[PDB]
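Here you get one chain, nothing else, as structure tokens; it is the form solved without the named molecule.
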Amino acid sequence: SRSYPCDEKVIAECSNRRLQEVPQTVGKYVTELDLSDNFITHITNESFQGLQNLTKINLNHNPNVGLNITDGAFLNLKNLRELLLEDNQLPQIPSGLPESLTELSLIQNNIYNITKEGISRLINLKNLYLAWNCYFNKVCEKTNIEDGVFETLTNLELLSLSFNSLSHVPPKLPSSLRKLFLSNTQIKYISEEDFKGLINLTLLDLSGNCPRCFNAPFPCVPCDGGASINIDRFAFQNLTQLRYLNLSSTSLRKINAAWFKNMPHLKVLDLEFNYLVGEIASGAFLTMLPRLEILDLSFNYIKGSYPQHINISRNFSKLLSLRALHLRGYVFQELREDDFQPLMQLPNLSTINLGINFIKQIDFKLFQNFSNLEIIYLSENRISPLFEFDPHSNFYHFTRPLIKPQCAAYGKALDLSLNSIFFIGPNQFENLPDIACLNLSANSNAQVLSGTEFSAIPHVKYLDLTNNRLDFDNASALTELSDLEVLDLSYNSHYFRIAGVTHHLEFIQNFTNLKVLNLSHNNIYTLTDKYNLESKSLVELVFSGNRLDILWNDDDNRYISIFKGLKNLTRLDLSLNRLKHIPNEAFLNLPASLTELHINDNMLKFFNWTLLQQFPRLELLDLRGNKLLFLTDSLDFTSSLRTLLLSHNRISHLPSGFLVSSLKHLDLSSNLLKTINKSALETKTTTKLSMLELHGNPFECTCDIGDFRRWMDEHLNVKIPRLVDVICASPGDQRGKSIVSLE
């Protein structure tokens, strides 16, 4: 049958549905139940009375804008393995939890007391998350950890107590632990006893203890006098399995090399937001990490200091397994070749990260002297022409890839974005490696590209030129990049805005391998001499955020064939072009090779459906966010349409038998359908419709809805998502309830 209120694929997706109590209509065979972001206020032993096969329960953020849990409310669920109770304003750990629990997360509550009565019986616990309960300027209490409360959990592998006021590492920790998170715990001193027996530990996070608070984007409290964290010389002597060490924001001025004497597997060392400029120049500890792969030393700048060069110790040459060196926020003016000599013979160093250093000039000749550089990240510098925090993410840096993977996959990547290379000189890219991926976005480049600017790096396959002010006055622009496959020219509207200047786009045709071209948000409304775009290779063209409403206006025919010359085109995005109307000849001149057409977010008051006959490969047609009022009677016009997106229009009536042929996905949500008559379901053929979206329609829940209700019951192969949002607008006794909950 059709599940309600949840969607059961056995997991029951039942989140964000404005539920006020645990639904009693959940299938008795569900394995995992996700009830997050609902308005649930109480949990008793009757709430999950019929779901004894439950292993995972998600009750995060309830009620959405506290959660009362009775003692033993979960006790009857003897298969409950994972219980997520985040953002519930819980004042205590819930009493009488099932001993079958292996993962429990109480992140972001008001729990200031970790008691034996609450935790010391869940001896099967492997992951325990208690982070973010008392932090910053929250009015809260210092965390009380009963002596030996974790001593019972002999199978505990992960313990997270970060962002609580602990002041001391808890004693009597089980030696089964592999990951210990103690970030922002006000722990000023690490004794020799604190981790004496954790011989299985692979991760240790002591970040944010005695923090560096200058320019902190959060309420920050330094240790007395901004002193360093006090780590005993033998505090790590038995952590021989450690792979991850996070010492970010611990006010370190000196790194004791003896910390790593017995740490042969250390792979990632985080040292952000310290005062390690002197250690970077000396680096006695660097001798001890020949297996280290990632070293983050970012934001160690000295306040008010803008040195001429970066001082990299020669001992960086001992990091023989280094693959990624992160040196953001060191702040220096010039990168000379000899400054990076200690790094030039590392065999696996493929990522160098020098973002946000206010570097004025770089001798790009030095990057060729490297063994295996794959990612050169120089974004956000000063190079000139030649609750607030996600508790489940990294706190001191974003974890997204430095360069988009679609660009980095082509080969070596150079990122010069967010600088002020406002024009490319003739020798800007001399003595560089064979760059395949180049990011020059947001440089305010206003120059006329002619066909020589990228001659020194002619093998670029993916070129990012977004957010500039490029001046297209040469038909030979970018033609020296004959192997170019992806070109991004989004947000270059500066000169396209001005009618009096020339706009030449003819260079598009001089490419044999160009596949992806993005001209979005350029305000294109006039072109010079050649009015048509032409390419025999181009596969995808993104033309959103332009003025096709002007290019195709009724008193102008020069642009009637603007896209016809894109003979290989399969994907075309015409969204956000302010189109109230598409001339029939202009639509008929779109490439017949199209398989995907987006005309969403315009102002289309009418769509000529019969013209679809000239597009036998059209699988996807996107017309969401328009003002369409009518559908065609005999959709005779296509045998290829698999997806029809029509949400946010003004359709008030559905044609007879519309629910067609190869249509598998039909989106009619957010329209003006009051009902779906029996005429629309009087289909001859057997339907292949697998998803039909109808939420947001002002359905009239009288007796006339019964014919469509039975159609739903007959076709359970047609998945109707968000049935809780397919809501009756009429009559008053049904306004607010789902159409599936009537007589």
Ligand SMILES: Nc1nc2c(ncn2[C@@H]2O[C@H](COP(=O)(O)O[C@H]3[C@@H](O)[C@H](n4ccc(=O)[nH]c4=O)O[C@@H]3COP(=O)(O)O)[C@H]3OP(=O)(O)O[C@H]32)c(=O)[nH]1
Second form
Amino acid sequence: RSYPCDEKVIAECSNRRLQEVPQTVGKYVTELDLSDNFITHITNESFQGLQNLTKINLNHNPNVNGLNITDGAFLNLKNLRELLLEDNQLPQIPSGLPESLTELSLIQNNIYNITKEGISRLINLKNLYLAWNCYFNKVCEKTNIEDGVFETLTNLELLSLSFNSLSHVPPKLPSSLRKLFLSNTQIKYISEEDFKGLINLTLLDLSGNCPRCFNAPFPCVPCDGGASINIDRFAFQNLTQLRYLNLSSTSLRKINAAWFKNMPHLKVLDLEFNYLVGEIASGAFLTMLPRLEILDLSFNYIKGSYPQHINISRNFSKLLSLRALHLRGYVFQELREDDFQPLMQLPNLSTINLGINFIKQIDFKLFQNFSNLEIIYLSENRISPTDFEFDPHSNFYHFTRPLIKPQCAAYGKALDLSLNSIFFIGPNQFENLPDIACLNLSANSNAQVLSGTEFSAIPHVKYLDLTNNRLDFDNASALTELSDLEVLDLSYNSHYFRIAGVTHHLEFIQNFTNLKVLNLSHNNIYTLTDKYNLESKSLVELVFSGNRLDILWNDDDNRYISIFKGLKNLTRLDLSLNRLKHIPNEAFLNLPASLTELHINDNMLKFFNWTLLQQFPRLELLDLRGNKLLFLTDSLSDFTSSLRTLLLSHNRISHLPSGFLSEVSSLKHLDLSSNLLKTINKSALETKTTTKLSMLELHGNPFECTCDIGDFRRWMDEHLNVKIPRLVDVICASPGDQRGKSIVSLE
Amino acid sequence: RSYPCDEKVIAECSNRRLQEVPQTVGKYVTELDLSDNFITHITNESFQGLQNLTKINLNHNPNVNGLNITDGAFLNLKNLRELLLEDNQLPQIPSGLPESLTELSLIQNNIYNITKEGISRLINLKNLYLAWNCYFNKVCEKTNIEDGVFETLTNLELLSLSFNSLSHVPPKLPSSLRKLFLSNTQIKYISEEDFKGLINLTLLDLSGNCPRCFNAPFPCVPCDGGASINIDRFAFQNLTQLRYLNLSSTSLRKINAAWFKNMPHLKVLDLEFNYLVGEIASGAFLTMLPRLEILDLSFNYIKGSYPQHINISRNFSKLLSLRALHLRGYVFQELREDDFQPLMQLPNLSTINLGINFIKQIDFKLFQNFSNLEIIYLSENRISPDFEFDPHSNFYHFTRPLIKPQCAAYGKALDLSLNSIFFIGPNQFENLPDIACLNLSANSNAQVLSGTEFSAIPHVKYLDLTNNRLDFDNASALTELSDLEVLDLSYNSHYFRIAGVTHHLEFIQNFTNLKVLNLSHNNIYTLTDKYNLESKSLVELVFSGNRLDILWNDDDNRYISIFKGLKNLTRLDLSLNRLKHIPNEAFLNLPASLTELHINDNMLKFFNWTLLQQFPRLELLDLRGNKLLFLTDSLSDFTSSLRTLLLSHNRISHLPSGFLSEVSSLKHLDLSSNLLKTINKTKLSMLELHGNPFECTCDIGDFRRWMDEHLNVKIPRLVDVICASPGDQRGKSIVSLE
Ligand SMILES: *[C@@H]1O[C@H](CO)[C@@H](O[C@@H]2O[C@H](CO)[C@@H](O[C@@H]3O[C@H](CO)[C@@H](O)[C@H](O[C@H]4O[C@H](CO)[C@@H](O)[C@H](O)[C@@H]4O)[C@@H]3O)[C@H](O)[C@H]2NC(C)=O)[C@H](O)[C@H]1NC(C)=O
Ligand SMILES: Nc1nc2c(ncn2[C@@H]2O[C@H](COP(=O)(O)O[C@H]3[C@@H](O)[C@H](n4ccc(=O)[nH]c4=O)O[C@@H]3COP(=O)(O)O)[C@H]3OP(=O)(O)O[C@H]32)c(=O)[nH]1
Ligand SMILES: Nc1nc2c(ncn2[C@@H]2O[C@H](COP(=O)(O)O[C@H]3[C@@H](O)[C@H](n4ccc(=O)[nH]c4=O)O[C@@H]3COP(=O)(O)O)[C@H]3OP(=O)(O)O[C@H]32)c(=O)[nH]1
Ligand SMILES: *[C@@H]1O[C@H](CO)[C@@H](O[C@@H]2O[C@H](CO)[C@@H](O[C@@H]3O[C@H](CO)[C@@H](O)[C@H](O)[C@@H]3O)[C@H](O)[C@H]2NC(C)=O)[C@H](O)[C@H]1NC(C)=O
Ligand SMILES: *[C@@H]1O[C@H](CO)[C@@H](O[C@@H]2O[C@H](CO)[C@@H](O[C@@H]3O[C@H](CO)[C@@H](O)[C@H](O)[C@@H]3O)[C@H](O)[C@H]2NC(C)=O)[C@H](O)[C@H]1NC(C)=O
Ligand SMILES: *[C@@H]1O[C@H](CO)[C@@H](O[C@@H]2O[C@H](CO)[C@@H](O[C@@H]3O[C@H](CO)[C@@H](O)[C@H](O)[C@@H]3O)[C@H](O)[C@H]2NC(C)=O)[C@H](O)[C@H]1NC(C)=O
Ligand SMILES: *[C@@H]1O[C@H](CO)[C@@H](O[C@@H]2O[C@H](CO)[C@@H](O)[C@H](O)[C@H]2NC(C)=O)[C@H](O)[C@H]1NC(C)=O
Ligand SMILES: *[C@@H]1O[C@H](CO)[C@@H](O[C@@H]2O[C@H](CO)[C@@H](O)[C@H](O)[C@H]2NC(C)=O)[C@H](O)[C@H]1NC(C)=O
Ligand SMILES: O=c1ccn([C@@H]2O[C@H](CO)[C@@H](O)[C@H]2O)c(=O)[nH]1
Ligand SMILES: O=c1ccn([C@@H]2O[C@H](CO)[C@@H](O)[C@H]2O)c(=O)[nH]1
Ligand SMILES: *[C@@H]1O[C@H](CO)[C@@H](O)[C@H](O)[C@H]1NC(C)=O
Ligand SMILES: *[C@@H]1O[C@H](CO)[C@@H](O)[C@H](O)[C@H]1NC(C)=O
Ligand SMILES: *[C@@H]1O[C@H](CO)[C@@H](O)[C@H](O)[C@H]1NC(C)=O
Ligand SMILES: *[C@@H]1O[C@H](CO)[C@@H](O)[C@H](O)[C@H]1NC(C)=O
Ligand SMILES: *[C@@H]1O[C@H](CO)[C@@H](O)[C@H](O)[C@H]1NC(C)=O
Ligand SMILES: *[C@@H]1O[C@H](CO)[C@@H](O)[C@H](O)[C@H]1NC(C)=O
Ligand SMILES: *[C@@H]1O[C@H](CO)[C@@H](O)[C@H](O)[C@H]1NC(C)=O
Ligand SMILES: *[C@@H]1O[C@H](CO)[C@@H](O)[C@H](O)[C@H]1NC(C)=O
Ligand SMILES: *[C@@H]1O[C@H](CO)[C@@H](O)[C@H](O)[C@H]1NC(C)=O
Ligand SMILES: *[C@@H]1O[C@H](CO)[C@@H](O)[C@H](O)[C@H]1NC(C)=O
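Can you now output the form solved in complex with the named molecule? The one shown was the form solved without the named molecule.
Below, the chain from earlier opens the complete complex, with every other chain and molecule after it.
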């Protein structure tokens, strides 16, 4: 049983409050992650017993001044390939690094000198990350790059120098380079010589040089006069393998078509945060890009300007390989059919993104004229009836999550109208739309009574997101025009459910033939009109967290005692966050016998009637985390043969009953973290049967570390197939000499 | 030093996990509150010490087996006036109650038998509370009322029997009654005899008998065929003093005017949850209410019906004393000027409540022609561009003020909250009166305010725009409101979250008289062009729930002076800003005028205490709920103004030397829920220490000594100042020892 790391050859040793490199790491280990510890010193002794190490991660030590690394500390590790030293306040590149390194990352340090002595003997480097050493209003020096320092790195494939003050492209780069990142480097001019020999390059990032600074979310310094980056006509002429070009925030007003003349493979062009309204309308460069797949022209708005219409050049029609066009933040009032003519015959154009344009009106019928749209993204418009802020490993100019949740988009064509002002759906709201399978109307403040006709023009919606609205459930036929509906999200429509005196009709649920997943979370449901029961022959999953079952199941009221019973196909039920202090026995028995997964976490349960598990023969997962439970039954196997996972974290359990660990044969994963256990007695340990337990969680219990723990420790020694994670957090509260130590580190 | 109660003569002893009546109560106590403890038995031994007890509260024992009370347990208490025994699962009225009692509460027990033996001996009773013993689907017995059980209570002024099954008004009630509460008692018939003797009654509650059960939020049983309650023509004949009549939810469709004939002082008439749409339209009874001040006709809607217009009888014009009219939940589409004609000459009608009517359109100009409207309440419409019920509250409606008092104090108030005014068009507020208090909360207003939207009502002083989604793209926003004093912009996160759109807060500087600004829960992390908040007038800024962790990031200097230009500021709230550290320069740039600084519920591990030298008026500093690991030993050096220092929920381990005994303006220090195991060996007036893990060895005697010598330093909740060690002492207050 490894300690302090979890081994599996990989050693997960991160975030463990470690103060030095442990001398206890399995000597077979090949990758070791010690990130986020409190390590302050690395010497030639730190890794002495571990010469099979391929990979070391030391990022973010010491985690709350800097990591002190001796010359040659690593130089004896002969197989070391990957060394991660991010966010360690290093004042220099460490001296005497091993020649074997293929990957070195020094992101987010204080290194202002890149020197031959540091780097040049690292002949095997493929990827070198030096970004984010001097930037914004950090107090730091201009980066000195020693002439020719990278010239000997003849296998170098990726070099990243972004977010440092460089002023010029470094000369003498190796022609092995595939990816060169030079974002936010204060380079104002790109000469013909700068990228001259780089015939293998596939990615060039020159974003944030001569930035567009209006409304910047960071301290931003424009080029004089807010001028554009100055890229020589021939700067790209030998970049024949280029696939990705990032020119975001280079204050461009003109794009020279001749930049692309030798660039037949360009697939992704990023031109966000420039001043390209004119070029978008004229667009001579568009001719050069018939193989482009992604064009991002987001946030090129003219500030203060809110024109009626977007002006797209007819030459967009040349972008014959286009798959996604991103046009956030152009900012305009109205989208008319004619305005997108140029895009309508593009054969592979799957995605159109018009997020964040403050658009007031759209002629929806225009989307039908497109060849092949799968994603119509119109969120955030005005349609109506550690202790650094930026992730160095992520795109700086846009978020890279999918525009549509994958689970919704998997059904078919997607229309996302979230975060607009469609406060009711009128009779003709969805006229002349493609055949939408995936519809997002989240956060429109929709207060309407859905009545069974609102979705008639798009009747094959299968995944409907209506979260964060204020729907008035006064009509039992609501949404029944959607016969194929499979997923329905009604989360955060509490507005009218909170009001006792208006009607709340949920009867429509029963009308769906194919409804599989229903989310009613965070609605504050405490009262329903006429019918008190939810019923469906199809429903598999009901999320009912964040409601008031404490009131629906009050002891003085019988009406809701069968509320979920009529959900006869149900396998997953979430009753978390319902302020439950007790469940009446009859209510529990009325939960569907079909269940396999039951969550009642984050309530206030003082007691749980285990005997009632007899009625749930298919029940695999029972989640009671975050309650106030005091005891377990001492004959749990009498009550279930199906239970595979039992989660009891964050309760007030102080005693295990005899045999409990091995009571139940089906039980693989028992979570007793953060309870009130002082020991586990031999009594809890006696079985006649082989335990099938695979994971037992125990961190955060106030263990009593005296001789009375020895039985449990031997049990541990005798059942290594039972994984106990976070041994470093399985801690003695007592006695004094033991307090804070892992129960494992005692004699 | 009292224990276990706090005494002040009143002993507050509630909610302290007490398992018996404590024997160490001040012998001089007149009022003892023992509510919410874990007490299971009372005996005539329980209170022996205490004979000048005038009042006992034993509500909610034992808390979370009834309270077992022996006969005559209370009998040797000669001054006991008032006994509270709510929510104790009592199976009977207890035997042997002292005859001194003027007030008895047995609300929320299991008592189904009201007998001479419990009650008839209690001759001084003014107030008797028997409500909520059998109701809803509780398992309980019909309520047996022993014939003439109240006949002897000839001082009795208030009798409450609500929420029990009674079936009949009990006969032989004393004519000393003022208030008779019989709500939800399953009484279907009110006979000419039922209120015989009761010529001094001023209140009668007959609500919930023959209830209107459609959409009930409780188990509701209608009378046969949902018939109305049956009230005899002459049943109110001799109820000449009535001021308050509650007939809510009695399924009335027809009101007999003659019921009010001899009741010309009726002030408050509650008719909610009936079927009175026809009566409201025609209503002869409205002609018999010359002195009525409050009429509540709420939730009389006909289900499924959504008429165009509300139909208000001309006879409303005879309600000459009306001050408030409640018409929630009539449910109608449109309010036209002429529809309120009959109200327009009532000289004292100050409040009109049309909440929850799903009203789509209103002609605002009609309000102009009323006599004296001060509260126009239109919240929750469709305008566009462990028992659940508190036994001491009204059951049919909330009783909080319609408008926050701090807003209404400014003058005429218009509440449009919880509608769909997602933008304010150019004539939205035309023909309104001179509105001073305006509520537009929760309209999902997404608009760019530009300085003209409130031109028609330019004297607004208190503007509530919370829970909207305002787009701050214009420096002139709201500047037409020259007199504005209070602006609430809480919960307008929507656009502030988005980096790429503009966020302009420059308009704040343009107000001469702005006193209070609440920017809470806006997630503010980036602003456009001007990085600083400026105002010569502003006194209080609430900035909680924003991202000062980002605004003051070490790598960015732009917001280091964000609040400095708030030159008049005395109160600043920076709680819930995810702060791990505040840059020293940022702290020093907070206004030197501050008297009150909150930075609670962040994640601060360090505080630079020396910086308090630049805050010479600072009286209150709140650092609760951070991760502070130690205190300065030099506090006297950095402030002579601090009176209150709140440090609860932090990680402090050691009180430094001479902290307490050192200076001086410091009245209140809160160190509760920290990590102190001891305190080692002065206007200080209060010292909180509950929830520390005190080591209760002999090392602790000095502190106890010190406690004994400084009895002018209150230490609240001594029962919660607990030893965590040693194992013997664990769970004990620190006041038990050698
Ligand atoms: C300018 O545009 C260029 C080209 O589009 C863009 O290049 C991309 O940069 C991002 C960010 O560094 C790269 O994405 C990373 O790449 C590797 C995958 O090989 C991953 O290790 C990273 O994932 C980790 O980090 C993510 C964020 O913390 C985690 O969410 C994830 O779970 C991983 O832990 C990450 O995805 C991307 O590879 C390149 N693109 C290409 C084609 O090389 C560049 O970022 C733009 N410039 C700026 C300043 O925005
Ligand atoms: N470029 C961009 N992308 C955005 C934006 N908002 C959301 N996204 C999403 O980020 C995700 C990442 O896009 P990004 O352009 O940064 O990077 C792409 C593209 O650069 C590139 N790519 C992607 C698709 C393609 O056909 N050809 C191609 O070269 O490969 C990256 C991996 O992303 P993936 O498509 O696998 O999720 C995309 O997923 P999505 O289709 O839902 O939309 C994109 C946005 O404003 N701009
Ligand atoms: N009746 C009624 N009142 C409601 C409703 N919604 C909110 N309220 C508020 O509860 C509060 C209590 O009103 P309620 O009718 O229940 O009882 C009044 C009235 O019964 C009575 N009263 C009050 C004022 C008066 O002039 N004459 C009068 O007889 O004294 C009670 C206490 O009022 P308070 O001491 O808080 O000022 C009111 O304050 P508000 O003017 O803003 O409106 C009332 C509602 O739907 N119905
Ligand atoms: C309302 O409830 C639904 C149903 O629970 C929520 O959608 C579900 O969310 C979970 C994420 O918690 C998804 O499961 C996850 O899927 C990913 C991707 O496959 C997987 O990697 C994770 O391990 C996890 O299993 C689940 O797929 C998804 N279901 C559907 C139909 O989309 C929804 O998010 C809730 N809505 C709100 C606003 O909370
Ligand atoms: C029917 O209508 C009448 C109004 O005439 C309601 O009477 C009011 O009842 C409330 C709530 O019980 C009383 O308030 C309480 O008063 C005490 C004593 O002052 C106070 O300590 C409590 O905190 C609480 O405010 C109120 O006094 C009483 N009004 C009068 C004039 O006596 C009655 O509640 C209604 N019935 C139902 C079932 O709602
Ligand atoms: C936005 O911030 C304002 C200013 O803090 C909040 O209004 C203020 O709320 C406090 C209570 O949180 C009011 O003080 C209280 O007054 C009552 C009545 O006198 C008193 O009983 C309390 O002990 C306390 O003093 C304060 O008067 C009030 N200020 C104003 C101008 O109304 C407001 O609630 C915050 N908005 C939101 C949505 O949270
Ligand atoms: C519908 O749109 C809403 C709003 O854009 C989406 O909610 C966002 O979802 C992402 C992905 O999980 C979260 O990280 C964001 O925080 C959400 N934002 C808000 C404001 O809620 C929602 O995911 C979309 N629905 C579908 C099915 O794609
Ligand atoms: C403006 O209207 C809102 C919504 O009606 C009021 O907010 C309510 O205030 C009460 C009193 O504090 C709270 O208990 C309710 O929970 C609030 N409801 C919601 C939905 O926020 C607000 O008080 C009103 N503003 C003024 C100035 O009176
Ligand atoms: O409702 C609108 C309309 C337009 N803009 C413009 O959009 C850009 C980004 O906020 C700015 O130029 C701003 O003027 C808005 O912000 N909000
Ligand atoms: O938008 C509306 C319009 C009317 N109603 C009606 O209002 C009463 C209370 O909800 C019910 O009869 C219902 O029919 C609504 O609920 N919502
Ligand atoms: C780092 O620790 C070493 C011992 O290995 C010590 O000699 C040296 O002074 C330290 N370096 C710094 C920069 O403090
Ligand atoms: C592009 O679309 C056409 C259909 O017009 C199809 O033939 C081709 O396979 C698609 N190409 C890609 C790469 O999807
Ligand atoms: C729902 O609305 C439809 C369409 O307006 C209407 O015909 C029907 O009567 C309503 N259904 C119910 C149950 O009221
Ligand atoms: C919904 O189901 C119920 C009961 O099965 C049926 O009465 C009703 O007509 C169905 N409604 C619709 C609109 O299909
Ligand atoms: C029960 O659930 C599954 C969904 O996985 C579905 O295939 C089956 O059709 C459902 N039963 C009914 C009656 O719809
Ligand atoms: C109106 O109220 C005033 C003062 O509140 C009072 O003098 C007068 O009697 C009331 N008028 C009527 C018609 O009741
Ligand atoms: C605010 O909007 C008004 C009305 O459109 C306009 O006159 C003005 O230019 C805007 N003000 C600012 C400061 O941009
Ligand atoms: C607001 O204040 C500033 C100067 O303090 C001034 O420039 C601006 O014109 C004022 N705005 C208006 C609308 O008065
Ligand atoms: C400062 O605040 C007080 C209100 O508390 C006010 O009397 C004074 O006018 C304010 N100062 C200025 C210059 O407005
Ligand atoms: C307190 O702040 C000042 C800077 O304003 C500095 O002189 C002193 O070092 C600070 N103390 C700490 C602990 O940073």
